[PDB]
Amino acid sequence: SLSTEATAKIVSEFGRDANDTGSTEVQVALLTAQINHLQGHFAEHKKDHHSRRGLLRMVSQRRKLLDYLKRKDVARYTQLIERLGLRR
Amino acid sequence: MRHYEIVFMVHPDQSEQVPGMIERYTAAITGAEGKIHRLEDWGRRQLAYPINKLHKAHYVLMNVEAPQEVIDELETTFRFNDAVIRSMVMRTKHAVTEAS
Amino acid sequence: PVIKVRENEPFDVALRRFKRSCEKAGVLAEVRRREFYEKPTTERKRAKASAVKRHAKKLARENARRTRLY
Amino acid sequence: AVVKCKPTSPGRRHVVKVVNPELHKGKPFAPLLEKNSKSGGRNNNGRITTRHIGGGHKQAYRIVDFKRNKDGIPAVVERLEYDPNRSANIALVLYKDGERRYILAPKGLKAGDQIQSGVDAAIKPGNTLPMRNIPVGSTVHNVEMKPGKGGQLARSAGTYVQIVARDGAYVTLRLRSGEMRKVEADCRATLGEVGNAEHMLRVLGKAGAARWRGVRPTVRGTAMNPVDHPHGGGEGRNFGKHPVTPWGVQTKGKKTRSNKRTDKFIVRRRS
Amino acid sequence: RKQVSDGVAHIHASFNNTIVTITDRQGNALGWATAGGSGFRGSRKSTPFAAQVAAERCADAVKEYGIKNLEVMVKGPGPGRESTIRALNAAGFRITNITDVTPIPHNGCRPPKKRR
Amino acid sequence: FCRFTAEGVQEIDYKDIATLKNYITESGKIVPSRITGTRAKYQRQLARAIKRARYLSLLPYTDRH
RNA sequence: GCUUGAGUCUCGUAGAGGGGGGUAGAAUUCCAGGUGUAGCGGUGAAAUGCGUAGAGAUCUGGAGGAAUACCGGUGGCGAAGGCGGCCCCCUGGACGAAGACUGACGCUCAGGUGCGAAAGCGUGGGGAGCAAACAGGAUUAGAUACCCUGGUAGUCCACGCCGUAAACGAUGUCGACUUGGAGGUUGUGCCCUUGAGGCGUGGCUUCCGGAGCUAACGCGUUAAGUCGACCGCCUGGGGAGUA
Ligand SMILES: [Mg+2]
Ligand SMILES: [Mg+2]
Ligand SMILES: [Mg+2]
Ligand SMILES: [Mg+2]
Ligand SMILES: [Mg+2]
Ligand SMILES: [Mg+2]
Ligand SMILES: [Mg+2]
Ligand SMILES: [Mg+2]
Ligand SMILES: [Mg+2]
Ligand SMILES: [Mg+2]
Ligand SMILES: [Mg+2]
Ligand SMILES: [Mg+2]
Ligand SMILES: [Mg+2]
Ligand SMILES: [Mg+2]
Ligand SMILES: [Mg+2]
Ligand SMILES: [Mg+2]
Numbered sequence: 001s002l003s004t005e006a007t008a009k010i011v012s013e014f015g016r017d018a019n020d021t022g023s024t025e026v027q028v029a030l031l032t033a034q035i036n037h038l039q040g041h042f043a044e045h046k047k048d049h050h051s052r053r054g055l056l057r058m059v060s061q062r063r064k065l066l067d068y069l070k071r072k073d074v075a076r077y078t079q080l081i082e083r084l085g086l087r088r
Numbered sequence: 001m002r003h004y005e006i007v008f009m010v011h012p013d014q015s016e017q018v019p020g021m022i023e024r025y026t027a028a029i030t031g032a033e034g035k036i037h038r039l040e041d042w043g044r045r046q047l048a049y050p051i052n053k054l055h056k057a058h059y060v061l062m063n064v065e066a067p068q069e070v071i072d073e074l075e076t077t078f079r080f081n082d083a084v085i086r087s088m089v090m091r092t093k094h095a096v097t098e099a100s
Numbered sequence: 002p003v004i005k006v007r008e009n010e011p012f013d014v015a016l017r018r019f020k021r022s023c024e025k026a027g028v029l030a031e032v033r034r035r036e037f038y039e040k041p042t043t044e045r046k047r048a049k050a051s052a053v054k055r056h057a058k059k060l061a062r063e064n065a066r067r068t069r070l071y
Numbered sequence: 001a002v003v004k005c006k007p008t009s010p011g012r013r014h015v016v017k018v019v020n021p022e023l024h025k026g027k028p029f030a031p032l033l034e035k036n037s038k039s040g041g042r043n044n045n046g047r048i049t050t051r052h053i054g055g056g057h058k059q060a061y062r063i064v065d066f067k068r069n070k071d072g073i074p075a076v077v078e079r080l081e082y083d084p085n086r087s088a089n090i091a092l093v094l095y096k097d098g099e100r101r102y103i104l105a106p107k108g109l110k111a112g113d114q115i116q117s118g119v120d121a122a123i124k125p126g127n128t129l130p131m132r133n134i135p136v137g138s139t140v141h142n143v144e145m146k147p148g149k150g151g152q153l154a155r156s157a158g159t160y161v162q163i164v165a166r167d168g169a170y171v172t173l174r175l176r177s178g179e180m181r182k183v184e185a186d187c188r189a190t191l192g193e194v195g196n197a198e199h200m201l202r203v204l205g206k207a208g209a210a211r212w213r214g215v216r217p218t219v220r221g222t223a224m225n226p227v228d229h230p231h232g233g234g235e236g237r238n239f240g241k242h243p244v245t246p247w248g249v250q251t252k253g254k255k256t257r258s259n260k261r262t263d264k265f266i267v268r269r270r271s
Numbered sequence: 012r013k014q015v016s017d018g019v020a021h022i023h024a025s026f027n028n029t030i031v032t033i034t035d036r037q038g039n040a041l042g043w044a045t046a047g048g049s050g051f052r053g054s055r056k057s058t059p060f061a062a063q064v065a066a067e068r069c070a071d072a073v074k075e076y077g078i079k080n081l082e083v084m085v086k087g088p089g090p091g092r093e094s095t096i097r098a099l100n101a102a103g104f105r106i107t108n109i110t111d112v113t114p115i116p117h118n119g120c121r122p123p124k125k126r127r
Numbered sequence: 009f010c011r012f013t014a015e016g017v018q019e020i021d022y023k024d025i026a027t028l029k030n031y032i033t034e035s036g037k038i039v040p041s042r043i044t045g046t047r048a049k050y051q052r053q054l055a056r057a058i059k060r061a062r063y064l065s066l067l068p069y070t071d072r073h
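Chains as they are written, first to last, in the authors' numbering: chain so, 1 to 88; chain sf, 1 to 100; chain su, 2 to 71; chain 2, 1 to 271; chain sk, 12 to 127; chain sr, 9 to 73.
Since the hints were made in silico from the structure, they are not lab data. A virtual CB, placed ideally from N, CA and C, is assigned to each residue, including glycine. Just to be clear, a hint being listed does not mean it is correct.
[Unchecked claim] Only some residues are given here: those of chain su computed to face chain sr with a beta carbon under 10 Å: (1) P2; (2) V3; (3) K25; (4) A26.
Working from the sequences, and respecting the hints, build out all of it.
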């Protein structure tokens with residue numbers, strides 16, 4: 001569920017300020033940190049068709065945010081996907 | 001770290017066996033940096049219905065804080081012990097020192 | 002519904018107290034209910050139908066409160 | 001897992017293989033091997049006593065430890081190996097003093113796990129301890145029949161034995177056949193359940209696949225002549241007889257158990 | 012024989028019959044009498060009066076044992092649920108206590124299908 | 009009626025049986041909230057606590073054991 | 001550029017939301033016994049069925065599978081299908097208060113992809129109760145039905161397939177505006193909680209009705225009222241959702 005102490009690392013690391021949550025880089029970095037943490041739950045509980053709907057919403061919402069960032073600027077988008085590791 | 005409310009009932013004929021095992025199970029909590037907050041001992045009680053005959057038992061209450069894994073090898077020693085009956089391990093938090 | 006007969010008592014007092022204990026426990030209703038299988042779609046329909054009556058019949062006597070009959 | 005061979009040939013259409021990547025791929029352990037010559041069913045007199053046996057691949061016997069009478073000395077599982085003499089895979093085991101052994105592999109044993117034997121052992125898969133110390137209602141395997149004999153029951157792939165109840169000096173077990181049988185309480189029993197549970201689902205797919213396990217063809221009694229088999233006879237598929245074994249005894253229904261010496265232990269027959 | 016002093020009356024009331032069995036406190040049956048065996052075959056054994064006669068006959072057939080106290084343990088629905096207990100007092104016994112035992116599952120087995 | 013458990017707001021604990029014995033019938037059945045008057049929130053905590061004291065044999069499932 | 005849409009972070013609340021593993025009590029059936037006698041069961045009435053080889057009843061011991069009385073509520077959660085014992089592990093959504101942050105990142109969506117009751121299919125287990133097919137007894141003019149006595153697949157589990165229901169508030173999703181009343185459930189703010197209190201504010205939901213709309217029945221701030229964006233579908237009945 002991305003506990004409080006872990007979500008404070010991503011916000012500080014990917015944020016442009018100490019309390020700068022909500023920036024497109026931070027939001028995508030938070031969503032990736034949960035999609036990766038849920039790949040171990042669904043390798044065992046393959047039949048969680050109800051929790052997978054929540055997972056497929058963070059996947060489809062991180063792609064909606066990456067599209068916005070790329071269209072707004074590309075100097076910041078290419079750094080973020082490289083830093084995180086995605087888009088294959 | 002997680003908080004629990006272990007309550008287990010011993011055989012009525014092991015009333016002299018509980019006061020030794022109560023610290024042995026406690027020692028496993030404190031060995032792994034887990035604390036214990038309220039350790040009331042209800043003594044010998046009467047069951048509302050028989051449990052494999054045995055109209056009496058011996059209740060203990062631990063209410064410890066321990067890592068999630070330490071309670072896992074404490075549940076099994078309750079399971080394989082022939083003198084511990086009806087162990088129940090809830091997941092409470094905070095409060096202590098009530099009901100007796 | 003266990004009833005224990007006390008001291009210095011009649012019998013017909015006790016037997017009447019046995020019925021009252023049994024009626025309060027709904028023993029005969031439960032036995033009659035569990036005799037045959039009630040389909041889940043008829044158990045849910047029989048519950049909403051009997052609650053619709055409970056609502057209307059309470060509002061029916063309210064509309065009949067503000068009338069003179071003769 | 002079971003994989004279905006693609007129909008590149010009539011004889012590969014219907015094959016289903018059971019492949020276990022966890023198994024050893026090299027050679028077996030040399031010191032624990034023997035010589036295993038075949039017979040073809042033939043006893044002293046050279047006359048076949050079990051029919052439909054002969055041929056097949058050559059095999060070497062692996063000395064599997066059944067007694068499990070090495071108490072203490074925790075042992076680490078080195079590797080899993082394929083045993084041709086059996087239906088379950090075996091496991092090589094190295095004890096803390098340096099002795100290696102072969103054991104029947106339970107269903108949840110991987111390389112690196114730790115087992116041990118004796119009355120002090122823990123209730124875990126792979127551990128052997130006398131059924132006095134094993135909780136009632138548990139699922140064991142490699143059960144014994146006499147204290148110290150070695151282990152006879154629940155030995156094939158995926159088989160197990162439930163301990164239904166314990167009555168004093170005896171233990172009642174629900175054997176895999178449905179029987180309820182009393183055994184002594186000092187008989188050891190490896191705790192767990194034997195591995196290779198997919199052994200059922202394999203299908204050979206062709207006649208050679210059974211020939212190269214040493215299974216010679218079975219001839220029906222109807223195709224026989226009236227002198228070779230009680231069924232025999234016939235001019236165009238005639239039977240008119242109550243089915244019998246080739247020696248006159250009525251198959252298909254007739255019970256043949258007669259011991260009267262081990263009847264004290266059979267609480268309830270099969271069903 | 013054996014001169015039992017305290018007994019238990021087991022009334023197996025049902026929608027179609029009524030079986031009265033008088034046992035000692037340890038469960039052993041001393042004698043019994045039903046409603047349909049009392050000359051009430053057909054639609055007359057359901058009636059609560061036919062169950063009263065069963066309590067009378069079951070009060071007999073235990074004359075030899077000489078019971079003086081009875082605990083009544085009613086079971087099931089049916090007309091012979093009330094008229095049997097009072098006939099065990101009009102027969103001269105003493106009702107120490109009355110306990111209703113009845114199989115009520117906590118939603119266990121599936122009951123038969125509805126009649127049409 | 010509605011009074012108890014709403015003043016002195018507290019979470020129904022399964023350990024104290026004196027409070028629990030008030031909210032059961034003569035046969036161990038939980039009493040409906042229409043009769044006692046407990047609020048719909050605290051009845052859920054109350055019922056869940058009675059089902060927990062029964063497991064530990066502090067309370068009877070039925071009066072005929 | 002901006003923050004009034006949308007989203008992120010901090011603190012809590014409620015819940016049969018999901019997947020996995022254990023455990024408790026009541027009850028049905030079966031097995032081994034003790035007591036005990038001639039009936040039991042069923043029906044509108046009967047018979048088939050069980051029982052003197054001793055049933056039904058009652059007590060003791062044991063083994064098994066399925067479902068969770070009371071709480072329980074036009075109550076709650078979920079996108080829909082649906083979800084009801086208790087405990088632990090993993091996990092999704094919603095809501096509320098005060099703030100901070102990003103700064104149109106939004107709505108709908110042909111093809112496409114996923115989930116989708118019950119029955120049904122395949123492989124392997126399980127099998128108490130119930131029960132298509134089946135057999136017998138009745139009813140009947142007949143009764144390959146309703147009723148009764150039994151009873152296999154199935155119902156249960158693991159993994160695959162099927163992809164349909166009166167899958168229904170017969171009402172597509174999103175946003176704005178337009179008199180009221182009595183309730184349910186779940187947060188929160190202020191004051192005499194000073195006493196089972198009083199006043200506001202949000203989320204979800206059941207009922208009755210106003211203008212309006214409607215062929216009428218009826219819907220009626222959760223519209224079937226007044227408007228905007230996108231999609232799906234209709235064009236007389238039968239043949240036919242058939243070739
Ligand atoms: Mg053959
Ligand atoms: Mg020939
Ligand atoms: Mg011959
Ligand atoms: Mg011919
Ligand atoms: Mg012929
Ligand atoms: Mg019937
Ligand atoms: Mg959409
Ligand atoms: Mg489409
Ligand atoms: Mg199905
Ligand atoms: Mg099937
Ligand atoms: Mg099958
Ligand atoms: Mg359709
Ligand atoms: Mg529906
Ligand atoms: Mg439609
Ligand atoms: Mg209206
Ligand atoms: Mg078609």
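Here is what the structure says about each hint:
1. Because the smallest distance between the Cβ of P2 (chain su) and any Cβ of chain sr comes to about 7 Å, under 10 Å, the interface hint for this residue holds.
2. Evaluation of the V3 (chain su) hint against chain sr yields a held restraint, the C-beta minimum of about 6 Å falling below 10 Å.
3. Using the Cβ-Cβ criterion of 10 Å, the hint placing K25 (chain su) at the interface with chain sr is satisfied: the shortest such distance is roughly 7 Å.
4. The interface hint given for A26 (chain su) is met, as the beta carbon of that residue sits about 6 Å from the closest beta carbon of chain sr, less than 10 Å.
When the structure is compared with the earlier hints, no violation turns up for any of them.
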